[PDB]
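Just one chain follows, in the form deposited in one PDB entry, and it is written as structure tokens.
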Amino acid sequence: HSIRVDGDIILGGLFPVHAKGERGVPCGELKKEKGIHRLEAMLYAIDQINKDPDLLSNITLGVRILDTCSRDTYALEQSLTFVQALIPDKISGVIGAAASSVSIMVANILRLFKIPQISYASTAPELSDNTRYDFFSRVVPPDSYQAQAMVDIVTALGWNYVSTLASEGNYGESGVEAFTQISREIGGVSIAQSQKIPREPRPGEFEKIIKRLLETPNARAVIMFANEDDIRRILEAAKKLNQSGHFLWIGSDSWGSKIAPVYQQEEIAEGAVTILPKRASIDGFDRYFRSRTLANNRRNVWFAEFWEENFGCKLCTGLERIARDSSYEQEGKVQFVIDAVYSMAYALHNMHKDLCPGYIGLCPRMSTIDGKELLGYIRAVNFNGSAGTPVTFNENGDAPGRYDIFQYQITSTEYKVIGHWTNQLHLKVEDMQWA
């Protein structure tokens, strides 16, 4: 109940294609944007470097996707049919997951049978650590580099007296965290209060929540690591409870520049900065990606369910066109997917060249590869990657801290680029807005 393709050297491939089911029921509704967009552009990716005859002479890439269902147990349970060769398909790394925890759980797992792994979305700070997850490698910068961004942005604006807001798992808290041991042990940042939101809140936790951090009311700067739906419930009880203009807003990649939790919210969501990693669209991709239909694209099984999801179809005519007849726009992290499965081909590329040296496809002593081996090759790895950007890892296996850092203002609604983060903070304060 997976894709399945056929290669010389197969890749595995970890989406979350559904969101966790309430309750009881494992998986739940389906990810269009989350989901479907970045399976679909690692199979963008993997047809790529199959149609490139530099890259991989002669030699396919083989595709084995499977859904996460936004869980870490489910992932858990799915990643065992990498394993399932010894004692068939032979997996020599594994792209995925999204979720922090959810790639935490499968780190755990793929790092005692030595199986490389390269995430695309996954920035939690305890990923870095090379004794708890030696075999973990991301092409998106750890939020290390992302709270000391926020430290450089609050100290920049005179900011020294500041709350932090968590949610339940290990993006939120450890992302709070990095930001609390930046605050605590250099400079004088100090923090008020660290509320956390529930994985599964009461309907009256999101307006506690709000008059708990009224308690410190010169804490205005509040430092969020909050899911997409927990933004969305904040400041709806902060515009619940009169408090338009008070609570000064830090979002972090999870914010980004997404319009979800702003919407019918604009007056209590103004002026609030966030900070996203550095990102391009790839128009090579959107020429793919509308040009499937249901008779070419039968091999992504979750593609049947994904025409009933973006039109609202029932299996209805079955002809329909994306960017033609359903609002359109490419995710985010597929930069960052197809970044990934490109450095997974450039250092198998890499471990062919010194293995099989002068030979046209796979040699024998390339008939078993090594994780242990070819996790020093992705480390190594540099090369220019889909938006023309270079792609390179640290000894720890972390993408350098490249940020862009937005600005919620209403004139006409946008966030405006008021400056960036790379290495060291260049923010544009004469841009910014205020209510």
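Positions refer to the first chain, counted from 1. First, how it differs from the form deposited in another entry.
- Treating the motion between these two forms as two rigid parts, with each C-alpha given to the better-fitting one, puts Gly271 and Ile410 in one part.
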Second form
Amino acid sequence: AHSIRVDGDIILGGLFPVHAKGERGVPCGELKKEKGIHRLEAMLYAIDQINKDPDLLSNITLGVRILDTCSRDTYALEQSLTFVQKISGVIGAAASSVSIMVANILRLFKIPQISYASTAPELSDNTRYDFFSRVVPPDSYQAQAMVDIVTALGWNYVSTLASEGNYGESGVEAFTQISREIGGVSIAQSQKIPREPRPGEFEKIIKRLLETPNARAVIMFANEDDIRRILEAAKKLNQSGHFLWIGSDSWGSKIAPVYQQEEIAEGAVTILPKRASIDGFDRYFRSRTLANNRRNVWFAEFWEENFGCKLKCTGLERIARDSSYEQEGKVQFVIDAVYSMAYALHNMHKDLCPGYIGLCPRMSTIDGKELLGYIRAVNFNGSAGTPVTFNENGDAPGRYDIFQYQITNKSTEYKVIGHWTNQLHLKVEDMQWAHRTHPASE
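Could you present the same protein in the form deposited in another entry, rather than the form deposited in one PDB entry shown above?
Next comes a single chain, given without company.
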């Protein structure tokens, strides 16, 4: 079976992009190490810590039903059909278009949903997505953050690039609407990366962006696989230093789009929601091996991809020791999403079963509308010490960290250059730039 299934008292659903979308038609392709495995194992980590915890859900064990989405909303729709036939809540998904398609069918069967990565403004709708919630802020605030950064840098002439789907198109739309409403920020052109990219499509996009030579700055709402190929095409056409990249949360502080393409990505300003690196997950993930992690059905494929061998592999390899490892940026949000579900179940248990230590007969079948009420009313400190809470729409506060990709001597890092919390707090003095030429006649 191509699924992770662990039995418990209350079973929680899981949607993760373990594999990236295949090239042209093919549903599933290459494995996602950071975006897939790191986040998937973070849910398993959280559940293990909750079941261990004597205070949170005493004498109660959470179940597991993790399914692969293959970076496709169409593929995730038929996978989400297995949730409805027992599943009490769903953690996920990653991409907004994927979360939207699943939320359309979960609301009819009244199953609460908490996402860890989906940021599309449409998901804030309390009528169309009444059972949807998220521990990440909507793109309404991220677009405003990117407007402020562009204003501070004085780049009044910008181009926009987006991946086909809700996140890319409506994220850029949010940036465009703010530009038209207030300020002197003007948009040169809006390009869209197709969902099924043709051979040589990425080379054509770069050439299309060169049709406005004055527009050096590019606002980018694209997935990590698209960013890598955009930067690859920019290197292929010798456009080093020309484009000034502005990346959203899908870019973040990720190693995937910049791997082996460090020089072309220099000086790129990136956005990511307020998060911290969790030491607890790092200790757990490093201890995971081929021998002890049979629970993860995709871990064998991960082993082959992480160390670069065929199952050639000794089995005595260790993560972070034999290969490069850094915790994925949204690992915190996966853990905080599971805890938000757990605390809500704990709070519902206190009202329905006031005496019994464990699952009582009154809490035999979990009501979807009732559980959702406890999710929205929950208030606790997360896995990083940061408070986790939901508003009237079921969204997280608009809090962001701003990074810049910098190269010094030989080392590369995403240096924290500022943060956006209701208003901008950018340090221009700490920003570094690469050396440049395209003449204009307009």
